[PDB]
Amino acid sequence: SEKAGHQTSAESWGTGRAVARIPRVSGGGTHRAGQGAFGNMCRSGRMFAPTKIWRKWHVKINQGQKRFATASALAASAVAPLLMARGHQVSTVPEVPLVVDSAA
Amino acid sequence: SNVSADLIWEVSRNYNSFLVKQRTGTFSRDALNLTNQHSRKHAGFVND
Amino acid sequence: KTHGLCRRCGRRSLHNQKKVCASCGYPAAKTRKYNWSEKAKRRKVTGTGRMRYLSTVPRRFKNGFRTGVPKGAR
Amino acid sequence: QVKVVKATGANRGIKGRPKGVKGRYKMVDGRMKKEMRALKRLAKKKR
Amino acid sequence: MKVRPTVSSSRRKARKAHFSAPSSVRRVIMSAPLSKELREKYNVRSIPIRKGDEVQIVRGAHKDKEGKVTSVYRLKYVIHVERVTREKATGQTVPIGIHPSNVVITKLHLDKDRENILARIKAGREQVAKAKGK
Amino acid sequence: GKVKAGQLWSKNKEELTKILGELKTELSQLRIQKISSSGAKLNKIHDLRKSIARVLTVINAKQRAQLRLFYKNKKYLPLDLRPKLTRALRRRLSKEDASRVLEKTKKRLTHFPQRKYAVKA
Amino acid sequence: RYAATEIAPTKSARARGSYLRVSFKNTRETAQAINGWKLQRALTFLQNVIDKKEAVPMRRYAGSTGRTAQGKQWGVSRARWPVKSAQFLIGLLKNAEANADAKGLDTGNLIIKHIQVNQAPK
RNA sequence: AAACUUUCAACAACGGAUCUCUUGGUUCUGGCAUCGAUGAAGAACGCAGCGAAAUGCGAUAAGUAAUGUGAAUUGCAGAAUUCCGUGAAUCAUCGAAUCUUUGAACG
RNA sequence: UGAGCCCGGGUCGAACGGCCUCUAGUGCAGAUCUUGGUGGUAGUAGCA
RNA sequence: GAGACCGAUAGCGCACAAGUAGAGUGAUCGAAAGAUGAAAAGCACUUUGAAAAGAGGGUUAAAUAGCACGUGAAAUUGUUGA
Ligand SMILES: [Zn+2]
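Residue numbers (the entry's author numbering), protein chains in the order written: chain LC, 54 to 157; chain CV, 2 to 49; chain Lj, 14 to 87; chain CS, 788 to 834; chain LY, 1 to 134; chain Lh, 5 to 125; chain LP, 3 to 124.
By construction, these hints were calculated from the structure, which means they are not laboratory data.
Even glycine gets a Cβ: it sits at the ideal position worked out from N, Cα and C.
Incorrect hints may have been included.
[To be verified] Quick list of the computed label-pair ranges, beta carbon to beta carbon:
hint, chain 1, residue 1, chain 2, residue 2, range
1, Lh, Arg53, Lj, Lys43, 39 to 45 Å
2, LY, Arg11, Lj, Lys43, 44 to 50 Å
3, LY, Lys16, Lh, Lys45, 40 to 46 Å
4, Lh, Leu89, LY, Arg11, 38 to 44 Å
5, LY, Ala129, LC, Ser125, 47 to 53 Å
6, CV, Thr36, LY, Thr6, 55 to 61 Å
7, CS, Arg799, LY, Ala14, 51 to 57 Å
8, Lh, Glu26, LY, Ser24, 33 to 39 Å
Let the sequences and hints guide you as you build the complete structure.
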């Protein structure tokens with residue numbers, strides 16, 4: 054959420070105080086008062102580089118290369134040792150480019 | 002032809018369903034391996 | 014004390030001299046609201062209360078706001 | 788005029804003005820000491 | 001595999017519905033199977049359990065124990081079978097909760113509504129069986 | 005001490021009111037003698053109050069049905085008897101006014117209405 | 003569970019108390035004072051500490067402790083009178099004596115084989 | 001030698017880390033468009049056999065009518081249901097009702 | 001060599017791992033770091 | 001309806017009687033806090049104790065799970081051993 058870690062009102066106490074120069078929640082009658090916030094190292098604060106929906110989730114691949122890879126995959130499926138290497142129990146079936154009858 | 006035992010070895014030298022790789026050596030689960038070591042010499046499925 | 018009980022919102026926020034609520038502004042017909050306080054907007058937005066009638070509206074919309082009784086009743 | 792308060796003892800980690808009744812006060816620390824030494828070094832380099 | 005978009009395959013929603021379902025949905029869930037004689041008598045597999053049924057506990061620590069249902073407690077999805085009880089510290093007998101999935105119905109409490117339920121289930125089963133057969 | 009809603013639906017005004025009067029008197033007496041040894045008498049009083057609610061509901065329903073039949077062919081209705089819907093739906097143009105169309109548009113639609121046609125492959 | 007698990011439960015009597023609102027340091031000092039003693043001697047000593055006749059030597063937690071001649075009983079200079087911890091320990095020793103009587107042991111020859119004080123939630 | 005200080009071990013403490021879980025959150029996608037003087041959103045006071053909060057309801061007050069299912073609710077006490085029934089339920093649906101003081105709030 | 005990896009014993013109860021690729025909120029002693037827990041001071045100052 | 005997302009210091013401030021407790025005259029600020037067990041079967045009874053509680057005995061596969069409850073690290077502490 055874009056508001057995760059921003060839904061607080063904190064301000065640095067100052068420079069001359071013997072406390073870390075970090076934003077701290079105002080108030081005075083709750084555990085949250087005076088605690089650090091707005092930081093990636095602070096509990097219940099923001100995360101560094103918040104994840105956003107624009108990440109390039111999809112990859113554009115040339116159609117020529119897609120077809121090349123599909124052809125190579127078909128040739129590999131024709132090759133017999135590659136089936137065993139990929140992990141198919143192919144020992145009781147003959148004719149690796151296996152064809153069944155269309156009428157069947 | 003486009004397929005040769007060299008091609009199968011080069012395609013399958015890094016990863017196989019038969020390949021067992023540990024810190025002390027790399028073995029082979031292939032039933033056509035006389036030594037159970039990963040090598041071009043003993044790759045039963047690779048060699049013709 | 015400068016803040017008494019406001020009848021519209023129920024908070025101890027009625028300046029006795031100004032007679033204006035600091036939270037909702039009771040004398041004004043409109044309820045006080047500012048876009049710079051999303052937290053206050055979400056504290057006093059709809060859904061934080063009882064929902065006496067707006068909770069019953071959707072069922073009537075689903076059934077089409079029909080009037081009458083089922084055939085063969087009583 | 789402006790008084791200096793060292794943030795130790797009862798004055799360590801205080802939100803606002805300490806008990807010292809004065810018109811203007813300034814809190815000090817070792818981090819500020821190092822910052823001031825860096826600023827003086829920069830000024831001396833400039834001059 | 002799920003095809004219709006109305007159906008949800010989500011664990012969160014499934015468990016929420018199961019543990020927040022009202023009493024009628026709980027009855028449907030606490031449906032229990034019938035014995036074999038009743039299966040070939042009524043062409044019915046399972047029916048919702050009720051108070052007046054005689055059942056056979058066939059799963060759990062109670063291996064093969066028969067008894068009449070005393071009370072169905074829909075809140076924690078249990079039923080109470082007669083004489084299936086344990087002594088507390090004081091020695092007072094308290095019922096043990098058994099699941100309808102773990103019991104099997106041997107004698108069914110007969111009333112007009114349940115006869116209608118059986119008739120509808122049997123009619124659907126026989127219609128589909130005839131459709132599959134011919 | 006439970007009245008049946010269906011039973012109360014076949015009764016005249018005096019009948020409903022006499023039983024209701026008896027019912028309130030019974031409630032008062034049972035409360036007075038319940039304040040000591042409030043038990044199954046509390047259960048009876050709860051059922052008695054539910055009976056009071058049932059009788060009131062049936063009387064109100066009968067009176068409203070009579071009022072509706074009285075106003076069946078009258079142009080103005082009481083606001084209580086008028087349908088609720090929503091404010092926007094109540095202020096929306098009625099179906100006849102919304103469907104009303106100009107005479108020229110009606111003539112054009114009468115003499116040149118959208119025809120059915122197909123285009124061959 | 004008890005820390006000393008090497009003692010058979012059929013030959014010994016065990017006493018326990020938890021969340022006791024008494025000072026941990028004073029209780030540790032008096033428990034160490036009465037460690038390894040006979041039951042009668044320990045009870046007499048604790049009653050004397052109540053009556054300000056004998057003093058518990060403070061060994062570990064004894065910062066700025068007043069001096070008293072009774073300390074010569076222990077070869078130490080800092081001794082105190084932890085009255086409330088003494089009462090708590092008297093209660094626990096009485097519970098242990100009652101347990102020994104229930105089990106049938108001879109109360110005239112019991113020794114404090116194990117005693118332990120731990121910290122409780124603050 | 002003991003005490004005290006320190007180191008290692010066993011056991012026992014304080015503490016809630018690790019692993020596992022999740023009726024919660026977050027993001028995306030799809031169908032639909034419905035608050036209010038016929039008194040809204042919000043605030044208040046009450047209502048349960050035994051209730052403080054949460055929930056529901058409004059002097060018909062953890063609710064009524066009606067419709068469907070068809071034998072419960074539950075922590076305890078008390079009543080049920082005849083089961084061959086217009087009929088239990090802290091049930092679902094929902095087209096009729098009740099709806100105290102205010103609040104745009106209107107003698 | 002090392003970062004680390006594997007085994008034995010005790011506890012524990014419900015999921016987990018190796019290998020080839022992919023992916024990232026992926027590796028801490030510091031930041032007068034954040035949160036939480038706990039120490040010495042200390043049974044001390046002190047309780048007018 | 002879903003996800004190469006997060007998994008109780010994370011994910012919305014809120015997985016819990018959370019915009020609650022609480023603070024401020026007020027505008028406003030605003031938390032902490034999940035996990036017994038399959039089933040409470042949540043320890044009958046005896047004894048000590050003023051009580052709190054302890055010791056026997058008991059339920060359970062397990063109380064090395066006792067509603068200070070899954071597992072139970074470190075800091076820090078007690079006892080015993082060297
Ligand atoms: Zn106001």
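Hint check:
The hint said 39 to 45 Å for the Cβ distance between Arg53/Lh and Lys43/Lj, and at roughly 43 Å that hint holds. Roughly 47 Å separates the CB atoms of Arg11/LY and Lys43/Lj, a value that falls within the hinted 44 to 50 Å. Checked against the hint of 40 to 46 Å, the C-beta distance between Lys16/LY and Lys45/Lh comes to roughly 42 Å, which is consistent with it. For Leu89/Lh and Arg11/LY, the hinted distance range of 38 to 44 Å is satisfied, since their beta carbons lie about 41 Å from each other.
Under the hint 47 to 53 Å, the C-beta atoms of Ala129/LY and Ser125/LC, about 51 Å apart, fit the expected range. Taking 55 to 61 Å as the suggested C-beta distance range, the pair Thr36/CV and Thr6/LY conforms, at roughly 59 Å. A C-beta distance of roughly 56 Å is found between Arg799/CS and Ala14/LY, which places it inside the suggested range of 51 to 57 Å. At about 37 Å, the CB distance of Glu26/Lh to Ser24/LY agrees with the hint of 33 to 39 Å.
Of the hints listed earlier, there is not a single one the structure fails to meet.
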